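Single chain ahead, by itself, as structure tokens, in the form deposited in one PDB entry.
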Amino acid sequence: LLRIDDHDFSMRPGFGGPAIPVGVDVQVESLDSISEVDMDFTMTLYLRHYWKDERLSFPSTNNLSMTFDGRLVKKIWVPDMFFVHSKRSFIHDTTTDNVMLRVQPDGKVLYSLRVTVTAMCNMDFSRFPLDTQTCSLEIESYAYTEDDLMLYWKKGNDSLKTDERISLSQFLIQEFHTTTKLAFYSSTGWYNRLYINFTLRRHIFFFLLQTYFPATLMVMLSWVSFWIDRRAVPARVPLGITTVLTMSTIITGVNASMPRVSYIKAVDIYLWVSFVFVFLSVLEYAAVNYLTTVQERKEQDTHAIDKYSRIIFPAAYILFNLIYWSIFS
């Protein structure tokens, strides 16, 4: 039916004359995973191409479109799109190649395939875990400049569809939209580039329960010391020390999970402030023991330091929390 043997499909339609227009539309099937340590994300999608080539015309009375096996795709000419700034990708091939080819009697062509992509995404963690991130996937022709191929979204803003099943356990996904821009390479020329854009917002529940609450509880334990008889030395001393040494484990277990960035994150601030609050309660009792011993040496109830600490330490931590959750909301 199609006269494949008659033509040289090493050359594009319109070769040696004006540029060929190629239109694109897309459906996203899933957003698969995200990594802070690698700074990337993985996506699976259906991708579709539209153009005309009169070398593929055939006669019929119905004027309708026809589907073909799929092994012909390797004989005819086809556009050459690639995913810019991507780490790895593949086309699915069970039970055969997941590819589709449809042709109309006047030579209009529709071409479709299913792919998975892993792509680069630069991330800012200064407000982590209360952060928002924005991401994009980039599409471009490899060999042909804007003088030979013209690339555009087939139906404007209606060219992107999304599966209703798409979900991530840790993020809310929002704000899917598409854009276009021109790109330049010094050695080879000017090219059209298409963009798919989206926004992510992290759920904080896990971190409250797993990090902010146990820090708070250690700080509240350190306050119990102020209500204990100053003469019980081997009770008041280890009560302070053990909370210092627990807080260090909390601080380590958080930071072991994240990339080694050169700046402070919002969670770091809270934990190190909590640490100094606990550390100071140890110096307070050392002072009261020393001054008691000086009183014994002069001579030979509750101390004013204890009396004031019962008031000052809790007020100060409440003030800190009010400020912190006013800044990070």
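What we label the rigid core is the largest C-alpha set whose atoms superpose within 1.5 Å from one form to the other. Residue numbers count along the first chain shown, from 1. First, how it differs from the form deposited in another entry.
With the core held fixed between the two forms, residue 9 has its Cα displaced by under 2 Å. With the core held fixed, the Cα of residue 103 is displaced between the two forms by less than 2 Å. Think of the chain as two rigid blocks: between the two forms, the small block swings through 14° with respect to the big one.
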Contents of the next structure:
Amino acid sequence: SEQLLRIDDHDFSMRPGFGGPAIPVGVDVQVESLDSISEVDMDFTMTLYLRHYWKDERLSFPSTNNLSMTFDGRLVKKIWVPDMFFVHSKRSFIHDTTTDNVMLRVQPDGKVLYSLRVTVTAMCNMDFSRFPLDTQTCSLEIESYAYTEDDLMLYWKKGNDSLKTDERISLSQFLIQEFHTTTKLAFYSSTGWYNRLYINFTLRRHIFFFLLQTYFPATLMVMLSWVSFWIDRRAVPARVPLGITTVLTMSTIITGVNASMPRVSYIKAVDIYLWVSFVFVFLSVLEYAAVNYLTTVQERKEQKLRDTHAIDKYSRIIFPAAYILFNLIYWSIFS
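Next up, the form deposited in another entry, please; the one we just looked at was the form deposited in one PDB entry.
Single chain only below; no partners, no other molecules.
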């Protein structure tokens, strides 16, 4: 097999058509699965099959039929192959169990198919301002390293049909949709122009889970503090312990939520809702202090000279009305 191909009779350190027009190379991609996603480091891991198509007359061999030959990764070190690399990637490797996952198929006229299986991790900027209602977009980029557009031309072989996805791809806490491909030209100041390929998709969260865990407990505790407005003001040993204990219960809820969320160090949409509810509970404690002080002053004044309080009556209306107004404004901005 190494004698039909003129391996030793040709210099394979130079691209086909050296000194002439650029050689076109086609790319096909099949996505196998998505492994994991990190919200702190802002990256994702993908596994895929990568295929290349090009023609090289130096690899032609005589044959009485159209039967193509198949080779392994050992022949790759001798023949010339493209050097595509993934831009903005953090780490990547090629599987080698039980051997290198590389195949080569050579047509009698010199057409070559080159395929390999590779896992790549790529960075992706994310914005958590609208958490947990945020929507994230990611992209993967493929580009030639050493050859500019004047020497190598890169394109999708079959347009938008060149991308295939496994039917079983899924994520534990995200929903994946809208796979499509695009192309663009990249420029480097000290090297020149390059062709670049893109693979795009979108991610979404499960809204209903976060509503039950975070928004639901907060609302109940706020409504629970409104009970004290209906208890008799003369029961000092009852009104005071109820108010302070509700603040303690709210504090533990906020602390627990922060520990479960990722260590994102800036204000998010969920943080605004929780701390506003904390202020409402705090204001209810000061409300009884005014009632107690005024009642004591009035009783002492009558003794020196010798029914529901007005504050309680209005608090029963103002407090529920203010909280509903806050919800309408909050949900109108954050959809």
